[PDB]
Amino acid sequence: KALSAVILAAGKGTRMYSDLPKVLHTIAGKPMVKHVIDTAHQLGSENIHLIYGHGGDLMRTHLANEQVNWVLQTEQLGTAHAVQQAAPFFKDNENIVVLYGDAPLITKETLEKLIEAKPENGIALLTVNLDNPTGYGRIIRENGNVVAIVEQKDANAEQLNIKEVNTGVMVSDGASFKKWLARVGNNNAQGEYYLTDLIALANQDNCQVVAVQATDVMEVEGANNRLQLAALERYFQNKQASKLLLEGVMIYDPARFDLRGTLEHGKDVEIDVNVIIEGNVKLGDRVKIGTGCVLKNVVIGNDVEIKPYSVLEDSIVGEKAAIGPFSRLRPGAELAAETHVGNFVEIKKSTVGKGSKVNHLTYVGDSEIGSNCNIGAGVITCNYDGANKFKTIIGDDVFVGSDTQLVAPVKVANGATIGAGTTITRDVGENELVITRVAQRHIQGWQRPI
């Protein structure tokens, strides 16, 4: 059969103590609900029906590009009534999986096992065994077969002893859902339609209710507060780190590694402790990343070593280049092959050509630097106090002496030499040597405090 999904994402998440709605809280840099959407799609869902409510505007701005059918929940009438709002879109002959935007770790493999165990015209539900089943809905079995679910507040002494609980995740065919949902009543103190009633309605229709137990508890675990979110984050990071390790990436300590995005890697990549990878990061062969580096949306060529406490964003680094320690690459930094970037160096929106070195205490912004240049310590690109930010153009084989200020817009042609302590405001021609003429007083026999 075909498949479509329903994700409940309307909940408030009061225990989060947040102006953000529950499902928008992130795991590895992306909202909980987004993980669930991706799994639903990877599962093969034709449609994804996102049921939303609380913090609606924030949902729509934060998930604008998500390939989903937006189903707004006006009146809060319980989960069965919410899914019923998505029900008119169900095709009779397709399976419908119900998921929760606050249980982000649910896997493709487990859901595939659940679908395949669904009997024709029946229900398949996910259940899980807990040492302490307190608070959750108990799974009721008559002679092996599943007949009902009983919540804590209704459970008798013996029922309270059942260690198998309801995860809320279930699969059934479209027509069955439409059929059973309509027959759910709200004769209760809270006056709302509970999704769990569908188990009894299937049994009363003499349809099979197969439970599939999940081996991994965390997979069906929901984050109701930030302690629980942190537990989920750590599990998810460990899962990501294990994969990379078995693929051949050396992570010196997976427990001190963070991937918040996607990583593309070559072979013999080494990643030291306390490194954070964000956005889209591509690493070529034999790249070495030292402790405390942060890489966000970067492309690193082969044989690049990144020394400790370097921070890179939206940057490109050519093969055999050397970065760090304490280097800052800001958006738009392009380093060609064999370039050197050293301590306390900031590079913004600039191209640095092959073999050029920028080794200490320097700021380069809005600049184009050619090949084999020597950019001295204390060199700074700046602007006049004016309207917009102009560019600095440096050619090949240029020597820029220590503590020189390059005032944009300015051009320094091939082979030029610029002496230490210079203020460059006029264009420098090819093979031109610029020296600052200093004026100094020398005072003899000046004695310092003894």
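Positions refer to the first chain, counted from 1. C-alpha atoms forming the largest set that superposes within 1.5 Å between two forms make up the rigid core. First, how it differs from the form deposited in another entry.
- Looking at CA displacements between the two forms with the core superposed, a shift of 2 Å or more is confined, among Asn225, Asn186, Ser242, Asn280, to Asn186.
- Comparing the forms between the two forms, the C-alpha position of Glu116 differs by 2 angstroms or more, with the core used for superposition.
- With the core held fixed, the Cα of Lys163 is displaced between the two forms by 2 Å or more.
- A movement of the C-alpha atom of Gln213 reaching 2 angstroms or beyond is seen between the two forms when the two forms are aligned on their rigid core.
Just the form deposited in one PDB entry so far, so send over the form deposited in another entry.
Only a single chain is listed, so you will not see partners or other molecules.
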């Protein structure tokens, strides 16, 4: 049986006090609605009907590449009215799952269990037990089936003690949705067409409604403000960290670890406190990440150690390389195996060959450095004024003395030696030794003003 999803995402999110619409606020670096779209995709949804409204232009720019059907809602008249906007696109013989852009932690596993329980021509309603169910619609089960969702204000004393409550998440076939949505009324205090009413309509038609309990409450929780969003964030981070720990990643403190994307890892990986992993990150075996590192879109080979307070982005690090502390790898930094990058070093769009070292107070930009080079402290690759970021090409086995400026476009051939304090503007030949001729004034008996 086929499946399609409807995601409610039209909300303004007034209590976020933001220029963004509600569902664009992020959880682990990606919009709340994107988590829901990805879950619906993971489920095998043929179509994903996205109900949107407030901040329409921002929704379109931030989610331009999502394979969704854009259903523009002009008036907020309740959740049944929102779902009915997508109803002309429902296949009669497909299942439809209703999800909420502001409740991002719903899992594929929970939803699979919900779809599976759906009786033919009936509804599968996602429910949850609360220690304090006050304010939520109570689940009334008679003969194993859901006969009513009794709201707080209507419940009798005995019903107020029911801990099982309605989440809003439900599954039914497209024909049943089309049929029942056309029958929902707005005769209530809010004057809204509630999707909740489908339970009563299904019962009127002698169709069964089966309840399916969610594993965690946090899967059904919605974020109405940034405090609630921060609580979903911490729950999501704890869950990601716990999964990594059970896979064998040594995360020293799961409460001080953040994953905002995907992590591929080998065995015996050690991650110290306050590390942030962003985008797509791949770590080989025995990678050690020191305190305070930020890795965004990087590939790290086996046996690499990243020392504290290193920031890496869009970079590749070969096996047994040693980075940090206080190293900065900017996009395009490609470090070969057994390389060394030290404190207060910045590498940008440069390749560094096997065994080469760049250990102090250096800027290497738009360069190619060969194997077994020694880049002295204070070395800087630079350009002439008005240039267009030209390249510095350094061969194999080159020594570059401390505080040397390499003025691109320039080539330094294999085995060349450059003395400290040099300004390199002309190409250096193979085995060429280039040393600066200094002129100095020496004044004897110079008594300091102390």
